[PDB]
Amino acid sequence: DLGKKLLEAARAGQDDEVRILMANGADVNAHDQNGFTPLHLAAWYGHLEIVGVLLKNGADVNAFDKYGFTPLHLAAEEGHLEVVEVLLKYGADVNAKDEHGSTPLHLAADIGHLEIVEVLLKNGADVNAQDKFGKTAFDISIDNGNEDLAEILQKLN
Amino acid sequence: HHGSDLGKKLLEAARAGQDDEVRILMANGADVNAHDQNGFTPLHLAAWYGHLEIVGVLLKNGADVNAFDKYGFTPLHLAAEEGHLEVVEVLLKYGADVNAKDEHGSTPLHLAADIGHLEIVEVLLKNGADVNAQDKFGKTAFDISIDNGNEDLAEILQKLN
Amino acid sequence: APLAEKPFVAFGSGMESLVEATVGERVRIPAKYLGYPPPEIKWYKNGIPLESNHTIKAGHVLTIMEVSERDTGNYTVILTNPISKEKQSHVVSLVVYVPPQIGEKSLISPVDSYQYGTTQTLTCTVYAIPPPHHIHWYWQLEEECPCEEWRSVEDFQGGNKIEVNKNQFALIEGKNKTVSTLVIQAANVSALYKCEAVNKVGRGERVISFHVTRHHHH
Amino acid sequence: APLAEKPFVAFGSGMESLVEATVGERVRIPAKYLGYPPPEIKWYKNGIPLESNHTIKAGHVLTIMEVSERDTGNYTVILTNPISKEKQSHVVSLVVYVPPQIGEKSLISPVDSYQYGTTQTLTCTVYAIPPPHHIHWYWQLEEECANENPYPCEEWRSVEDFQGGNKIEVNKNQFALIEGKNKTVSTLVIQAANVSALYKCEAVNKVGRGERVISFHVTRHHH
Ligand SMILES: *[C@@H]1O[C@H](CO)[C@@H](O[C@@H]2O[C@H](CO)[C@@H](O)[C@H](O)[C@H]2NC(C)=O)[C@H](O)[C@H]1NC(C)=O
Ligand SMILES: *[C@@H]1O[C@H](CO)[C@@H](O[C@@H]2O[C@H](CO)[C@@H](O)[C@H](O)[C@H]2NC(C)=O)[C@H](O)[C@H]1NC(C)=O
Ligand SMILES: *[C@@H]1O[C@H](CO)[C@@H](O[C@@H]2O[C@H](CO)[C@@H](O)[C@H](O)[C@H]2NC(C)=O)[C@H](O)[C@H]1NC(C)=O
Ligand SMILES: *[C@@H]1O[C@H](CO)[C@@H](O[C@@H]2O[C@H](CO)[C@@H](O)[C@H](O)[C@H]2NC(C)=O)[C@H](O)[C@H]1NC(C)=O
Ligand SMILES: *[C@@H]1O[C@H](CO)[C@@H](O[C@@H]2O[C@H](CO)[C@@H](O)[C@H](O)[C@H]2NC(C)=O)[C@H](O)[C@H]1NC(C)=O
Ligand SMILES: *[C@@H]1O[C@H](CO)[C@@H](O[C@@H]2O[C@H](CO)[C@@H](O)[C@H](O)[C@H]2NC(C)=O)[C@H](O)[C@H]1NC(C)=O
Ligand SMILES: *[C@@H]1O[C@H](CO)[C@@H](O[C@@H]2O[C@H](CO)[C@@H](O)[C@H](O)[C@H]2NC(C)=O)[C@H](O)[C@H]1NC(C)=O
Ligand SMILES: OC[C@H]1O[C@H](O[C@H]2O[C@H](CO)[C@@H](O)[C@H](O)[C@H]2O)[C@H](O)[C@@H](O)[C@@H]1O
Ligand SMILES: OC[C@H]1O[C@H](O[C@H]2O[C@H](CO)[C@@H](O)[C@H](O)[C@H]2O)[C@H](O)[C@@H](O)[C@@H]1O
Ligand SMILES: OC[C@H]1O[C@H](O[C@H]2O[C@H](CO)[C@@H](O)[C@H](O)[C@H]2O)[C@H](O)[C@@H](O)[C@@H]1O
Ligand SMILES: C[As](C)(=O)[O-]
Ligand SMILES: [Ca+2]
Ligand SMILES: [Ca+2]
Ligand SMILES: [Ca+2]
Ligand SMILES: [Ca+2]
Ligand code: NA
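Residue numbers (the authors' numbering), protein chains in the order written: chain B, 13 to 169; chain A, 9 to 169; chain D, 322 to 466, 481 to 553; chain C, 322 to 469, 478 to 552.
These aren't lab readings, by the way, just hints derived from the structure by calculation.
All residues carry an ideal CB built from backbone N, CA and C; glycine is no exception.
Zero decoy hints are in this set.
Estimated spans, in silico, between C-beta atoms of each pair: (1) C:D490 with D:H454: 42 to 52 angstroms; (2) D:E489 with C:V412: 45 to 55 angstroms; (3) D:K408 with A:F145: 23 to 33 angstroms; (4) B:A141 with C:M386: 39 to 49 angstroms; (5) D:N395 with A:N69: 40 to 50 angstroms.
Please model the entire structure based on the sequences and the hints provided.
Written as structure tokens, this is what we have:
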């Protein structure tokens, strides 16, 4: 199946190869059993070019996988700054919630990607949003002993 | 069964303060939550023009008190900006969000402060207005009142916490 | 309620004096006031008092739901203190910008095709407020495609040799229009041409068909 | 005075609207007034009223005894005539500058020794307000300096003038969000340590300079 090939090409960062599948009618919003779309996979692995190609060809920027992760969730969690910016440019929901209630800001805070946290905040991330454990990003910074993160969030708290 | 034209009539009846016309349109099934190309609902217009009784009638029949138009204005925004005190109180009584933001980040408190409605500011404040809220230029209501040379208002614009 | 002080009326220091809008937008001109009790507000344009209707509301904030070019002008707001009857006036200038519009006349011809090898001109007449700061021409062959790719007229390879005359200005509809003329030096290839006009507030374009024919009675 | 002569309050003509200071100095912002009787004064920072304590006095002159970076902000003063209660207000923007601060300590008290041939990276994490307009690295042979801030070297060499020293490269600047601030991370790479040296990074901005001296002593441990 062409959709399966496109998923793996996007995951594997085969910049030139996805374009061949694209001209051959591959479904940009193909999904697998995880609910991953090619855009999920390109953003998760930080393939900036492929993310751009998919977005221009109608890839759904706000698709949820089986656990509620959107591509912006994955790009945030893995620290792909430029990918995060391009997803936001194409209308990603900065406050998308996964099955746990986690926003991209939650995921980036928990890992510790300070710059990603800063970009989310200036693009409207909700500093007060609680996940289903009642945790905010500030709570996470305290739980992790992350003073540098706390100092970024504390101002807007 | 349904009259699609009725919603358009209800908007203008509410805007023009035509109480008996509003009463007839609603009895004939007019949709209290109709909207026009501005995004105005009947509650927007009745509140914007301070038509207190019509505001009550629409609220009592399920008008969405927090509806926002094409520019982010809620009925509370419009009533506060226009100084319609009694309307502001009934909107707040029916659960209006005192800190709703329009597309430029202004809250009703920002709008009332910029015009200069001191009593409206007092009512908003006693109903939970966030004095610290900034619009998209970074202005608080305090800042706005000082820009206007309105020191009496600035002294009002202080947290009740 | 606020403590009652001696009656007074004035405009707030932040009262606007110039307002800019684009055709089609909602315009808001607030009358920012100081004083006690709250003043009565009245708006005037051309000395005539404004009344509120579904297109325009003349209250504490002058709101025009969908501004048009004809709404351009000086608006006067008068504050009246309800106790002292003292009055204050303030004039707001409203400027309404118009994205470019390309004249349908002087673009449409009585000619289906132009004779091979002749000089021909296409003209693009633009009205915009402010006047367009650039007018660009593009072209494409019909066969190479309402097209996704356009070429700049500087590129002559598959097309015609072309020169763009400098912008001129003409009063045509009682209004000052900018006129851009494209000179086809020798009509040798059929093509589509696009003039696109850009100004502070938007862009506009028009596509012209240019059919070349060797039929003639020579 | 106004034609109608009655109690009034107004500001003096010379009121500043921007004030610049450097971390550590005393800041004085006068509320110059005209009128009678002398007005009542109240100061606000970003709309919050200031009370006087040992750190700051909010009288006719707003005085911050030792200004800090967190003192940046918009200060509003409101004058009130005590008879008429007429009011006037004025906003002063206070900007607090920071000469370049380097996070790594400049302490050579224990001297850093490196094994012959190793590759090492020296780093300077620089914060300044405004940001530094340049960050430069310098070096010197250990013999021409003291070990014992003892101003260790009387002359410094530019790392462009590298002849006779270690192979070195200055990497492009990187940036890190530290303590909530965008700090510049400047790195120098010593390719193969074969010459004992001191290294210095220097940062300059509008209000000052900061530097850090790094010892780079080389020894060949054997077996
Ligand atoms: C103090 O006042 C200045 C001037 O109003 C503020 O600076 C403006 O900030 C907005 C957004 O916050 C910017 O869009 C403007 O470009 C700034 N203007 C100038 C002249 O700098 C400043 O933010 C205020 N300080 C605080 C803490 O709010
Ligand atoms: C809404 O009110 C405005 C005026 O407040 C009306 O605008 C007038 O339109 C006529 C054209 O038929 C002009 O000749 C007048 O000069 C306009 N008045 C101005 C410019 O003040 C408008 O027609 C009204 N719309 C309604 C009643 O539906
Ligand atoms: C609106 O009023 C202003 C004046 O308030 C007019 O602008 C003046 O135009 C004359 C002649 O062009 C100049 O001599 C003045 O200096 C202008 N006033 C200024 C610059 O403050 C303006 O033409 C009026 N426009 C309309 C549509 O009535
Ligand atoms: C129509 O267009 C422009 C207004 O933008 C006018 O061009 C100006 O003409 C005067 C003298 O004729 C020159 O001094 C200016 O330098 C010209 N401006 C530019 C941008 O070239 C033109 O006169 C207008 N004509 C009418 C009748 O309105
Ligand atoms: C002395 O007073 C100043 C200002 O009146 C205090 O500054 C406050 O500092 C805290 C630090 O987190 C801020 O949150 C407050 O907003 C500041 N106050 C104002 C009014 O803005 C300072 O803390 C006081 N120091 C002592 C020892 O009492
Ligand atoms: C330490 O190593 C450096 C780097 O190899 C030596 O510098 C080189 O010296 C030779 C001749 O002396 C030159 O041809 C090279 O161009 C130099 N390289 C650079 C990068 O400048 C240096 O001589 C060595 N010093 C000692 C004492 O062994
Ligand atoms: C920290 O400061 C640096 C230097 O200003 C920032 O890097 C610049 O970012 C702008 C806008 O994104 C670019 O146009 C410049 O090309 C960048 N300059 C350099 C030298 O990289 C950096 O983005 C800032 N980082 C944070 C987290 O605020
Ligand atoms: O996919 C694993 C790699 O992730 C990072 O690199 C990706 O993200 C970069 C931007 O964050 C892109 O420039 C690059 O194309 C991506 O592959 C990480 O930097 C690598 O070390 C990982 O191997
Ligand atoms: O036929 C192949 C060539 O096509 C292009 O060049 C010309 O094509 C048209 C065919 O008549 C000409 O009218 C036109 O003016 C030319 O651009 C292409 O650019 C050439 O490199 C090809 O060899
Ligand atoms: O510029 C006239 C004023 O000069 C002095 O004030 C400056 O120097 C002070 C001491 O370093 C600072 O605390 C203050 O913020 C500066 O503006 C002087 O103290 C004033 O009396 C003069 O008016
Ligand atoms: C090479 As040495 C010159 O610092 O022993
Ligand atoms: Ca009525
Ligand atoms: Ca309520
Ligand atoms: Ca004043
Ligand atoms: Ca007063
Ligand atoms: Na601000």
